[PDB]
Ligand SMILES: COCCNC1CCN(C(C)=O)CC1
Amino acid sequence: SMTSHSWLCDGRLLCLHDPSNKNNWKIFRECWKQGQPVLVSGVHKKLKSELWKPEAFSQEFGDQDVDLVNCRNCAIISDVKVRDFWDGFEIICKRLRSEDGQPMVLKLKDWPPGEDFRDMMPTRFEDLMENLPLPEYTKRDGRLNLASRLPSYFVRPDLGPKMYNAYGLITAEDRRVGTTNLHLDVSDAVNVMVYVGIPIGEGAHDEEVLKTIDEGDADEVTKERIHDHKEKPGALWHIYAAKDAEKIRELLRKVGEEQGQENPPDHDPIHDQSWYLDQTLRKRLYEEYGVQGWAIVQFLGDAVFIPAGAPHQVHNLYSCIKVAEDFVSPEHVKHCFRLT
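Coordinates for the sequence given above, by itself, in the form solved in complex with the named molecule:
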């Protein structure tokens, strides 16, 4: 039976089922006001699937110059062609190799660059913006998006959207690495999974993905969603409430000191974007500081809503294309005010 919604994270996470239901706001706004993230499934079914394929990005834009990041060691690969990233997205025998001779796990940095998505990809821009869920919050001109309506006393988001493209992490050692390290944003954001690429060549890689979700602390309903196939899992998220951000800074200052970093007592380990909370660190956060988070598996066509001020990290299970839009809801406008 079709239903309006269900729960994940043992009742702590709202999952909306119909991305274009005109009554979603009634269920959404209660959870959102409490500072919780929200998941909306099914956005892929609303999009033109041919616009979101890795082979189309390589064909249309492959001669552009870009920088990559090696996710395993943070090394920058400078001034290569964007086809050198796209042609290895799913086919492992085509990836750039590290000195050890292994294929690299790469992230495509700042592409399209700055605010240039709309100019570079006008048809993709239309297809995404016309199909975003909770459109009074998420459209540039929505009635509940204050982005265009605030004076300079508020930090305003850049013009979006922003594309996030990276390979999947593969090995047991990779389980402790982020695709995007722990950080926070002063705006709200909606992040849509528009494509998941499950490779071939070193395909048969299904088993290390199950251990990563399990050790990642994913709930039994998410695990059921994983274990009976049907939907493709893209990325494992951990999100923390904005009210817990200072307790997380205290843990990361204690760990930086234990590991012989030499940091001033006030430095900001979340703003530094240098940490990934692995299973050891997540357990220490819970046991030593009393802080629980939300472990979220983002499948193809899932939209993750991330509240302003909420610390969050992302670990790709397979190769992912994500597109995100920032917005300023009235519920969370305090997080971008420049005084007090």
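Switching from the form solved in complex with the named molecule: structure of the form solved without the named molecule?
The following holds one chain only.
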């Protein structure tokens, strides 16, 4: 039976099932006011699937110059062509190699660059922005988006959307690495999974993906989405309440000190965007600081809503294309105010 919603993370996470349901705001606003993230499934079924394929991005934009990051060591690969990223997205033998001769796990940095998404890709912009869930919150001019309505006393978000493209992490060693490290944003955001690429050549890599989800602390209902519905999992997220951000800074200052980093007592390890919380660090956060987060697996078509101020990290299970839009809800406007 088709239902309006379900309750994940032992009823700590709302999951809306109809992205265009005009009554979604009634369930949403109760969870959102408490500072929780929210998941909306099914956005892929609203989109023109031919506009979101890696082959189309290579053919249309392949000659542009870009930088890439090696996710395993943070090294920057300077001034290559964007086709050099897209042509290895699913075919492992076509990826750029590290010194050791391994194919690299790569992230495409800042592409499209700055605020150019709309100028470069007008048809993709229309397709995404017309099908975003909770449109009164998420549209540039929605009635509950204050982004265009605030004075300079508030940090306003840039013009979006922004695209996040990166390979999947592969090995047992890769379990401790982030695609995007732990950080926070002063605006609200919605992040849509528009394509998941499950490779070939070293296709048969299914088992390490299951142990990553398991050790990642994912709930039993999340595991049923793979085994029972055969949905495509893209990325594993950890998200923490905005109110827990300083306790996370105290843990990371203490670990930095144990590892012989030399840091002023006041430096900000969350703003540094230098840490990924592995199973050891997450257990320490829980046991020593009393902090519990949300472990979320974002499948093809899932929209993740991230509250302003909430620290969060992302680990790609397979190759992903994500598209994100910033907004300023009235519930969370305190997080972007420039005083006190």
